[PDB]
Amino acid sequence: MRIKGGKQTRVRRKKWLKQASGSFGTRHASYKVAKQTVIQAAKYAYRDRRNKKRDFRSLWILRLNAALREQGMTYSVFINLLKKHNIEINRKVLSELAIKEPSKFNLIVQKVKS
Amino acid sequence: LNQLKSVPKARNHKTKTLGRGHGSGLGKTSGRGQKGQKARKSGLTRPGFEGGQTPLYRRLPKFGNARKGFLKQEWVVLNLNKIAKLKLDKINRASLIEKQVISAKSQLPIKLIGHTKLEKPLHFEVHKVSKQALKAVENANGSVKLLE
Amino acid sequence: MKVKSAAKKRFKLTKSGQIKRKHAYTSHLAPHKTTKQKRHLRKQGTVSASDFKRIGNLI
Amino acid sequence: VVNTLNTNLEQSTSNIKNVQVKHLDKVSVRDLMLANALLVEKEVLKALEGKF
RNA sequence: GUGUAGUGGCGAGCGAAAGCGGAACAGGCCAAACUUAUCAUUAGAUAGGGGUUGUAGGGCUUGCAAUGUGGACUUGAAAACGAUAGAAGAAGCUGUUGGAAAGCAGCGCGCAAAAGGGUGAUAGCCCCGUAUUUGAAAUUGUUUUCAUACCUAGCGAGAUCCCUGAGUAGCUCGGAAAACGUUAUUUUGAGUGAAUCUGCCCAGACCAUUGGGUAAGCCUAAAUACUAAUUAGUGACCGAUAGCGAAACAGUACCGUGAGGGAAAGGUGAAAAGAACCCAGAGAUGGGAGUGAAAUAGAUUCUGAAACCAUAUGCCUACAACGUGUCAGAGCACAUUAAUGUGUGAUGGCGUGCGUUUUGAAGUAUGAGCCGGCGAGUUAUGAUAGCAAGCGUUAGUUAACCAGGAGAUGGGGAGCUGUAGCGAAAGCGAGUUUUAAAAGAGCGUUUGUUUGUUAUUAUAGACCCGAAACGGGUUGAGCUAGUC
RNA sequence: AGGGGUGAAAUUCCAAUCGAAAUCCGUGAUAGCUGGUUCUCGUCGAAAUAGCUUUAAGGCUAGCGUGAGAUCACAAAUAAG
RNA sequence: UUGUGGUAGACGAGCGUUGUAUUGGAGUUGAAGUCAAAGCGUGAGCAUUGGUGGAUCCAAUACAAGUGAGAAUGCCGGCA
RNA sequence: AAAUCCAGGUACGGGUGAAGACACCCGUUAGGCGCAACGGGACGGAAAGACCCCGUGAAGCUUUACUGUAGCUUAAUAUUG
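For the record, the sequence lines run as chains A, B, C and D. Number 20 in full-length UniProt numbering belongs to position 20 of the first sequence; there are no gaps in the numbering. Add 2 to a position in the second sequence, counting from 1, and you land on the number used in full-length UniProt numbering. Number 47 in full-length UniProt numbering belongs to position 47 of the third sequence; there are no gaps in the numbering. Add 159 to a position in the fourth sequence, counting from 1, and you land on the number used in full-length UniProt numbering.
No lab work stands behind these hints, which were simulated from the structure alone. Don't take every hint at face value.
Said to hold, decoys possible - Computed list of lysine-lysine pairs in DSSO-like fashion (alpha-carbon distance at most 30 Å, straight line):
1. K30/B to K14/A
2. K18/B to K7/A
3. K4/A to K16/B
4. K53/A to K43/A
5. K7/A to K18/A
6. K35/A to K92/B
7. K74/B to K22/C
8. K84/B to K12/C
9. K4/A to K43/B
10. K37/B to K32/A
11. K87/B to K15/C
12. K15/C to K119/B
13. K40/B to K4/C
14. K64/B to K12/C
15. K87/B to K122/B
16. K16/B to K53/C
17. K15/C to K18/B
18. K38/C to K70/B
19. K33/C to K74/B
20. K22/C to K64/B
21. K70/B to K2/C
22. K18/B to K2/C
23. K30/B to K15/A
24. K7/A to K130/B
25. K30/B to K53/C
26. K20/C to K64/B
27. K89/B to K119/B
28. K74/B to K15/C
29. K7/A to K30/B
30. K70/B to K43/C
31. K64/B to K43/C
32. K4/A to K64/B
33. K137/B to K119/B
34. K12/C to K130/B
35. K74/B to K36/C
36. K133/B to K38/C
37. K64/B to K8/C
What the hints assert, rightly or not - A short list of chain B residues far from chain C (calculated; beta carbon distances all over 12 Å):
38. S26
39. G66
40. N67
Heads up, the beta-carbon is just placed ideally off N, CA and C, and yes, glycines get one too.
Construct the complete structure from the given sequences, taking the supplied hints into account.
Written as C-alpha cells, this is what we have:
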C-alpha cells in the first residue's frame, strides 16, 4: 500500500498559520516562518506570565507610595505599622483601589496609630 | 470470538523507529551514535574485531584434534533414573522400536547408565553396562544378559 | 550465520555456560618464567563475565 | 458442513452470498465462526469426536 | 545431514561427501577373438552374421526348451479429448425526490446463470452477457485400440583352447576441478612408458590381507531452469512527480558526427446539444440572446487551495532606534460556533530567529528565496534476550513432498533441541581429567519444547545521498599533431 | 587508437575537456570523512576518564544512565566517638 | 507522603493515513477535497456550520505497512 | 535579463559578547519616500580553499624499496641421425 499522505500536511500547516494572526510582513503566510514566530511568541508569553505578575506588584508599590508620601510618612513605615503593631494582612491592591473610593483608605491610615 | 472483538493479552509491543520525529522519544540518530563510527552506514564492525588490538580468538592457544578427521562414536543412552518411569519390561531392541524410544531404523550400540535404586525386576539386553550400574541392577533381583 | 572456525578450535562448551579455554605462555622461553609459573598455567581456565557477549554469539 | 458431499445440495446455493457448501476437512476455524448459523450433518458428529 | 569433517598470512572467510527422507525411474548399442564374400586377394580395406561383459563375461565343440516379454521404436486404419470461428441461454412494474432513477419506498418474479461491463445517480429481472447445454467445412495437438517393419529371451556339458577398449595407466617436471591454498581422486602441457582372470583398478602416503568394481568405446526419455509469444484469470500491486524511461502517433522531441544520453504533458458536458443571431471592435474576443439541470461545464475545457499580484469595507502610521512579537492599555467601527466576545493597537514593561556542528551561538562559521508534491530503518535467511501462547513426564516437533480455492489444514517423524556429563582422545560414567592418590582443584549432581511478537546483532548495497578511482568492451584523425 | 596514437618535446594535442579521452558495463565500487534522517506524550538520566590499539577526528573492555530480577541489613551513606 | 529542568539515551503509554476482514450507518434531501468561521482535548489531533462539487465515504474492533517533512549548496513544477 | 536571498520597518559613539555588532548594554543623533552619484561595511556576490594538516584516500613518476613480469640470455630435453 503506497501512501500519499496529503491531509496531514495541509491541516498541520493551516493550524500553525492560524495561530499567528495579525503578523507583520509575510510572517502570517509562510508556515515555515509562522512556526518560528509562534514559537518565539509563546516563549515571550511564558516569560511575561511572570514578568507581569512582578511588574503589576511594582506598580502596586509605586502607587501606594504615591498616596502615602502625601501624609508625611514613609511607605516602609506603613508596612511596618501593618505588620508588627496592629497586625494587618490587608491586601495591597485592595488599599490601592481604596484610593478610588475617596477617603476610605484614610481610615486604615489613621487606624494604624493605636 | 467474533470478527469484531478479537483481543490479545500482552503481545503487540512497542515498535521503535530510527527515522521518525525530532522529539518522538527516538531522535534523528536513534540507536546508532552521535556522529561516531557506529552511527554511520554499515557500522558495528565484525564481532571478533577489538579495535586493532590482537583478537581474543588469536591470543589464546589452539585446542587438540587427537582423532584427526573422525566423528565420536555415538551411543544411545538408557539412564536408570528414567527407565523406571517408562512402563515396559524385557527392554530389548525388538521392543524399543514399539515404544518410540529410539528411531525405527537405526543401527547403534546401547549404553546402560545409572546409580539410582530400582524396585521392579528388569531384564536389560545391551552391549555395555557400568560396573556399579550392573551391581545395582543385580541387587533388585534383576538380570542383565550382556550381549556382544 | 557461519561460526568462525578459527575460534571453534580454541573454545569448548560446558553445561550452563562457563566457556573453557587454555592459558597462553606455554610454548616459548621456559627459563624466563619460574617452574611455579608453568605449574599454574598448565591448568585450564574460563573467561570472565566481561568478554562473554563477544564470545557467545560468535560461537 | 457435510460429510457425504451430496450433489443435490451443491447444485444449488451457488448464486447466494450467504450460503456455501463445504466438506468437514475443508472448513477452517475462521469460516466455522463466520457463519452466525450452523447446519451440521448427523454423520459428522462421530468424525468430529474421533478427531476431537 | 551441517555451518559437521575439514581447509585457510589456521585471518577475513570457505564448505563438502556418505547416509537418510522425497521428485521421477528403464537401460541399451559397437571393436575383439570365430566366420563368410570381395578387394593388382600380399589389403592392413569394404560389406554381412556374434557378443556386450564381473552373480566375470564372450567366442569355440556339442544339447534341451522358446515362438514369446517389449519399448529411447517405421508406418496404415480407426476412436476419444482438446485448440483455432459461433448458437441457445430466467426473471417488473408502481409512486417518489428529481435535468434524467437503476438509487428510495409497496407488492412481486428466477437462478446449474447474485462473475463483469454499459445504459442522463449505486439496475439480479433495461442491454450485452455470464453457469450449463451445444457447434467444426478445413487445419492441428495429445492420448487410446488393431494390424504392420527393425531390434530383442531361458537352462546344460567340455576346456591350463582363444578374446575382453595402446601413447592407454602409472612415474617425473609445472599446473588446474576438487570444501583442500596440490594429497590419494580427476584432468594434462614436456618426457618416460605394462599386464591379460594366476589380470587390472579401488577403499586420502604405502605394503600385505580382506572385500568391491571391470576404465582407457558409443547412445539415452521423464524428474530440473527459464517466459520475449498466444489464451483465460488473479492481485490487502500503482494511479499522471505514481506505474516499465513510453496512459497522448516514446526511445519520439531534443543533446551530440558517433558509442550513447535521453524529455514533458490524460479528464467539458448525459448527448456538441461546440453557441443561430445582435451590440462594440478590423479581428482575435467580450457582453448578450439560445441549447443545456448547470455556461463559475465555453473549448484555457473534473475537483481549483500556495508562494504571487491586484481592488475594496473598518482601523492605524509620517519624532521613529524596530528579530517587529508578547503582557497591560485608551480610542475607533462592528456583533459571534454567547463566548469574562471580534477586528484594529495610539501608549508603557519586556524582548539578539530556526536547524546542524560544537568547550561553546544572533553570529563577522555554517544550511535553506518562498511555495506544493516526492524524498531513509524495511525485507530474506539464522542467533541471542524479554513477553505471550499451545503441548508436558519418555516430552515437544515437522522440513522437503503429496492432496485443494494458488487456503488453514490432512498425511509425510527425514531430522532438531531436551533427557549425562567429563575428558585433547582412547574411554569412563553421577562421575569425570590431573595425578601414585579414591587427597585437592575445574566441570557435573535432570531441569523443557514448538511458535507469535518485540529489541539487538550476523550475510546480503542492509539508514539516504556524495568522490578523486580501477578493470573490461566500444566510438572517434571532419578539431588538432604527424605522414602519404 | 587510448595502461595507446602523434609529439622541431610545452605534460602539446588526440573533437572546447588529457599526469592520460568520451561512452557503457562490473556499479547501488568503497569511504573510520560531510550533510539529512519527517507523529506526539509520560518517567529516569551521563561522559568528554583508565588500559590497549599502523591508534590519536576511530574502535574494543572497564566506570558512568537505563529496563527486568535478587540482596532489606551482616550491604551502602549520613551526623558522632 | 515523596517528587515531575533536560539533550546523547533506555523505556512505557497513544494519535493519524492507506488497504483488507467482518459486524452497523450516511449519501442527487448532496460524500470527499478545498475556502473561511469568534469550537473541543495534555498532544499527534478531533468536531460543527455556509459557499464551491456531483460520486463515494463514516463509525467500533483487528491485521499489513512504498506511512506522518524545515533544512540534505536538494530534484521536479510554478511564482516573487 | 543574474548571481544572491532565515524572516526584516535595516543609524552612530563608548563598552560588552565565539575575542572587530544594523539589533545586546548605556548614551547620542535622526520627518515618510524618491532620484543622480560614490564605493567603506554588511568578515559583500560568485569557487563544499587550490595552501597546510587529517584520511590507514586517489593518480602520476622514480631507484641498488618489496614481490613479480614482458623481453633478452644460458643449460637439460623432444624435434635427432
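The hints, checked one at a time:
A C-alpha spacing of about 25 Å is found between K30/B and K14/A, which places the hinted pair at or below 30 Å, so the restraint holds. Under the criterion of a C-alpha separation no larger than 30 Å, the hint pairing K18/B with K7/A is consistent with the structure, at around 25 Å. Note on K4/A and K16/B: the hinted pairing holds, with a Cα-Cα distance of about 25 Å set against a maximum of 30 Å. Straight-line distance between C-alpha atoms of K53/A and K43/A comes to about 16 Å, which keeps the hinted pair within the 30 Å bound.
With a C-alpha separation of about 16 Å, the suggested pairing of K7/A with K18/A holds against the 30 Å cut-off. Proposed proximity of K35/A and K92/B is contradicted: the alpha carbons are some 87 Å apart, above 30 Å. For the hint pairing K74/B with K22/C, the CA-to-CA distance comes to about 22 Å; that is within 30 Å, so the pair holds. Proximity of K84/B to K12/C is assessed by CA-CA distance (about 28 Å); at most 30 Å being required, the pair is judged to hold.
Distance check on the hinted pair: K4/A and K43/B sit about 28 Å apart at the alpha-carbon level, within 30 Å; holds. About 27 Å separates the Cα atoms of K37/B and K32/A, which keeps this hinted pair within 30 Å; it holds. Proximity of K87/B to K15/C is assessed by CA-CA distance (about 25 Å); at most 30 Å being required, the pair is judged to hold. Among the hinted pairs, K15/C with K119/B is consistent with the structure: their alpha-carbon atoms are about 25 Å apart, no more than 30 Å.
A hinted pair counts as satisfied when its Cα atoms are at most 30 Å apart, and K40/B with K4/C qualifies at roughly 23 Å. Distance check on the hinted pair: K64/B and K12/C sit about 11 Å apart at the alpha-carbon level, within 30 Å; holds. Taking the CA atoms of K87/B and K122/B, the gap is near 11 Å; set against the 30 Å cutoff, the hint holds. Proposed proximity of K16/B and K53/C is supported: the alpha carbons are some 25 Å apart, at most 30 Å.
Restraint check for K15/C and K18/B: not satisfied, since their Cα atoms lie roughly 36 Å apart, outside the 30 Å limit. For the hint linking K38/C to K70/B, the alpha-carbon distance of about 28 Å falls within 30 Å, and the restraint holds. The straight-line distance between the Cα atoms of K33/C and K74/B is roughly 38 Å, outside the 30 Å bound, and the hint therefore fails. Using a Cα cut-off of 30 Å, the hinted pair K22/C and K64/B holds, with the two alpha carbons roughly 8 Å apart.
Using a Cα cut-off of 30 Å, the hinted pair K70/B and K2/C holds, with the two alpha carbons roughly 22 Å apart. As the CA atoms of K18/B and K2/C are separated by approximately 28 Å, the hinted pair is consistent with the 30 Å bound. Using a Cα cut-off of 30 Å, the hinted pair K30/B and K15/A holds, with the two alpha carbons roughly 25 Å apart. For the hint pairing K7/A with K130/B, the CA-to-CA distance comes to about 79 Å; that exceeds 30 Å, so the pair is violated.
Annotation: proposed proximity of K30/B to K53/C holds, straight-line Cα distance about 28 Å (limit 30 Å). In summary, the hint linking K20/C to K64/B is supported, as the alpha carbons are separated by about 12 Å, within the 30 Å threshold. Taken as a hint, the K89/B and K119/B pair is honoured in the structure, with Cα atoms around 16 Å apart against an allowance of 30 Å. Proposed proximity of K74/B and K15/C is supported: the alpha carbons are some 19 Å apart, at most 30 Å.
Between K7/A and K30/B, the direct Cα distance comes to roughly 24 Å. Compliance with the 30 Å bound is thereby established for this hinted pair. For the hint pairing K70/B with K43/C, the CA-to-CA distance comes to about 24 Å; that is within 30 Å, so the pair holds. For a cut-off of 30 Å, the pair hint linking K64/B to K43/C stands: about 15 Å separates their Cα positions. Proximity of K4/A to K64/B is assessed by CA-CA distance (about 59 Å); at most 30 Å being required, the pair is judged violated.
Between the alpha carbons of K137/B and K119/B the distance comes to roughly 10 Å, so the proposed pair stays at or under 30 Å and holds. With a CA separation close to 28 Å, the supplied pair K12/C and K130/B stays within the 30 Å bound. Between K74/B and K36/C the alpha-carbon distance is near 36 Å, which puts this suggested pair outside the 30 Å criterion. A threshold of 30 Å between alpha carbons decides the hint, and for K133/B with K38/C the separation of about 38 Å lies outside it, so the pair is violated.
Restraint check: the Cα-Cα separation between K64/B and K8/C comes to about 9 Å, which is no more than 30 Å; the hinted pair holds. Residue-level check passed: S26/B sits 29 Å from the nearest beta carbon of chain C, beyond 12 Å. The claim that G66/B lies off the interface is violated: its Cβ sits roughly 9 Å from the closest Cβ of chain C, which falls inside the 12 Å cut-off. Interface exclusion of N67/B from chain C breaks down, the closest Cβ pair being 8 Å apart, not more than 12 Å.
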